[PDB]
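Just the one chain here, laid out as C-alpha cells, in the form deposited in one PDB entry.
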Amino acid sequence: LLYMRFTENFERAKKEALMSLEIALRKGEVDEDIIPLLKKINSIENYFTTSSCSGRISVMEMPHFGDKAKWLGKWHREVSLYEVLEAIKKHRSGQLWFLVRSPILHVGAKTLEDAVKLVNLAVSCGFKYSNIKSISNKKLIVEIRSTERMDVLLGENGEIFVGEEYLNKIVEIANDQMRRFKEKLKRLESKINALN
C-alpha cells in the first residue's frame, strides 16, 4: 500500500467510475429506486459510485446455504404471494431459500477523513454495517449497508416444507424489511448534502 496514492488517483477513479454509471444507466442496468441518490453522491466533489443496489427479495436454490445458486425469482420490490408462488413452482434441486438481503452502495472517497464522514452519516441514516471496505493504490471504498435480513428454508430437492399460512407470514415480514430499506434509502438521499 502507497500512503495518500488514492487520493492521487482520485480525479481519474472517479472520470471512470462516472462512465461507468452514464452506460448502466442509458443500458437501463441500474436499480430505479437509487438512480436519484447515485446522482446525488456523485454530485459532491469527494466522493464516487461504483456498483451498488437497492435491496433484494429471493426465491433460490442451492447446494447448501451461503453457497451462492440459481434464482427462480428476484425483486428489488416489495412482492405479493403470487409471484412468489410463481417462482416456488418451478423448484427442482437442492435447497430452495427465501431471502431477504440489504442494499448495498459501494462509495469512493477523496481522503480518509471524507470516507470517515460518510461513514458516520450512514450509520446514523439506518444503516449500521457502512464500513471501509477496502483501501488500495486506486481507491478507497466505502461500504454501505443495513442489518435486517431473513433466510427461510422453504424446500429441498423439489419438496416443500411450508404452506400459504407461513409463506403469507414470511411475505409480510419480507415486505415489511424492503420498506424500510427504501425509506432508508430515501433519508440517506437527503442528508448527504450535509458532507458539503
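So that the term is clear: the rigid core is the largest set of C-alpha atoms that superpose within 1.5 Å between two forms. Positions refer to the first chain, counted from 1. Compared with the form deposited in another entry:
Core-aligned CA deviation for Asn9 between the two forms: 2 Å or greater.
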Given for the second form:
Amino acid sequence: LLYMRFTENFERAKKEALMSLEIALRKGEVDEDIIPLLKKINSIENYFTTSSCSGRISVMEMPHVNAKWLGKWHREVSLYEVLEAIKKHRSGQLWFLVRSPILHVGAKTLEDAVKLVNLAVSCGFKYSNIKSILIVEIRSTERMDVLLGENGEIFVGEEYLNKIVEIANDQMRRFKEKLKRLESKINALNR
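Would you mind generating the form deposited in another entry now that we have the form deposited in one PDB entry?
For this one, just the chain is written down, with no partner chains and no other molecules.
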C-alpha cells in the first residue's frame, strides 16, 4: 500500500474505465440519473469511475444460494408493474428491494480518496468509504428490504404494496436530490 499510489496502475485503470463507460453510454447501459456525476468525476484528473449504478427498485426471490430477479427498475415505479413481477414469484423468500446509487471511484493518492469520502458524506452519502478489493465507494442510506412472501405465497395486499411503492419512490427522489448536490460540489476537489 502506497499513499501516493492509492489506486494501482492509475493511468491504465482510468483508460480502461473510460473505455467501459463509453460502451455503457452508447448502449444506454448507464443510468441517466448518474451520468452527470460520472462525467464530472472523470473530468477531475485524480479520479475515475468504474462499476457504478443509480438507485434501483427490485422484486426478487432467493432461497435463504442464488436469487432470481422478477423485476428491476432504475426509476420511480408504478404499482402494476410491481404487481406483475410479484405474480412471477414461485419459490423461496420474496423481497421488494430499494437500493441507493453506488459509485466506485479510483483515486491517485490517499489524500484524494479521503477528500472524496469526506465530501460525499457531507452531501448525504453517509455510507461512503474506502473499500478493499483500494477504491472509494460512494453510497447513501435509504435502503429498503421488504419481505412480501414465501414459497409462492404472497402475504401482502394491493393497498399495502401501493404504500410500499409510494415510499420507495420517495427514496428514489431523495437519491436524485443527493446526486445533484454532490454533482454541484464535486468541482471543489479540483486543485
